[PDB]
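Presented below, as structure tokens, is a lone chain in the form deposited without the partner chain.
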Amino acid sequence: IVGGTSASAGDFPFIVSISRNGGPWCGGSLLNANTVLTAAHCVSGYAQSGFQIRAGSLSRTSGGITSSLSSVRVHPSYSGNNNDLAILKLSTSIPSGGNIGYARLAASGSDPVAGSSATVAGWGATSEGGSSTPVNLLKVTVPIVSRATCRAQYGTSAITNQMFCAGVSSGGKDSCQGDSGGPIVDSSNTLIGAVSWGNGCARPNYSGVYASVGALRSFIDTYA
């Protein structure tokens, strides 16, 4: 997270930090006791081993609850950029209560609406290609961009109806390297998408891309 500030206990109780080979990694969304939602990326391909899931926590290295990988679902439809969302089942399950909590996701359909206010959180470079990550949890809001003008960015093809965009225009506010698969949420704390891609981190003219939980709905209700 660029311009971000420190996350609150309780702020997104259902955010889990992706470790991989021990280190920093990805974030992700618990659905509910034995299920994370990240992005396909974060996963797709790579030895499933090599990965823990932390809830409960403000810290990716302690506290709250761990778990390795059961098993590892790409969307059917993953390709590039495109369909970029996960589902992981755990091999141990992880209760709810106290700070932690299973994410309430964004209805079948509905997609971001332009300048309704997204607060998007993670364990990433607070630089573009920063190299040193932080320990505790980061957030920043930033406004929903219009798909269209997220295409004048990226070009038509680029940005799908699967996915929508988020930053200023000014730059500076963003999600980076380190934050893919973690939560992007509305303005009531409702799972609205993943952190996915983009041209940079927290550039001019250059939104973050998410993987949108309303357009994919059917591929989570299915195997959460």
Second form
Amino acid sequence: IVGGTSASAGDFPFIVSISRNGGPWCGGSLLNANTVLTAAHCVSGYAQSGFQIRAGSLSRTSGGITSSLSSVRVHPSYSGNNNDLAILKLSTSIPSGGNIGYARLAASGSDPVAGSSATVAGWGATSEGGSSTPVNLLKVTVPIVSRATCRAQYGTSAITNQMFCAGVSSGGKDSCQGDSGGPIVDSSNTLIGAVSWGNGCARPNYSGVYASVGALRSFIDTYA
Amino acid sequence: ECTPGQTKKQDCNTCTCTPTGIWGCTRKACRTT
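Could I have the structure of this protein in the form deposited with the partner chain bound, to go alongside the form deposited without the partner chain above?
Next comes the full complex, and the chain you just saw is listed first.
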């Protein structure tokens, strides 16, 4: 996370960190006792056995509850960067209560309105290309960028209706490497997306790109 | 500046050259370095 601040205990009850081979890698969102939603690219092509999840902690190294994976479902139509969601079934059921809860989801076929506010969180780098890896969770609030604008920055075919973007014209606030899969939410804390891709991090005129929960609601309900 | 449609990797992240001639890259934290 670039341009953000330390997150507070309870701001994202459902956020999880996801390590691979004992190192940081991606974030996610707990949907229920045995389901995590992350980015397709966090898990596709990789050995499911390398992944541990942590829920109920601001820290990516300690606290909360952990689980390995039972199975992984990548979007049937995950292609390039499009349809970039995967469902992870957990080996250990993580009950709600205390510091953990489950994510409510953006409405089926909804699309984040340009200019509206959204907040993303994660343990990724704090600068583009930075050697930083925060222990404690970070968060930034950014405006949604209209798809028409994002298409201007990246190209019409690069940005699909299963993606939406967020960022500030002059840069300064973004998700970054290590935040992949992690939640971006509206001001009801509804899960509207997962961190996916971008040109660098927090660059002027280059939005963060997100897999769209609204646009992909069908996939999620089916495999959750 | 890249030729649209080209691909590369920066560590563990796949990058794609978009129509506007820049690299779009995924946002994983790459461990074993």
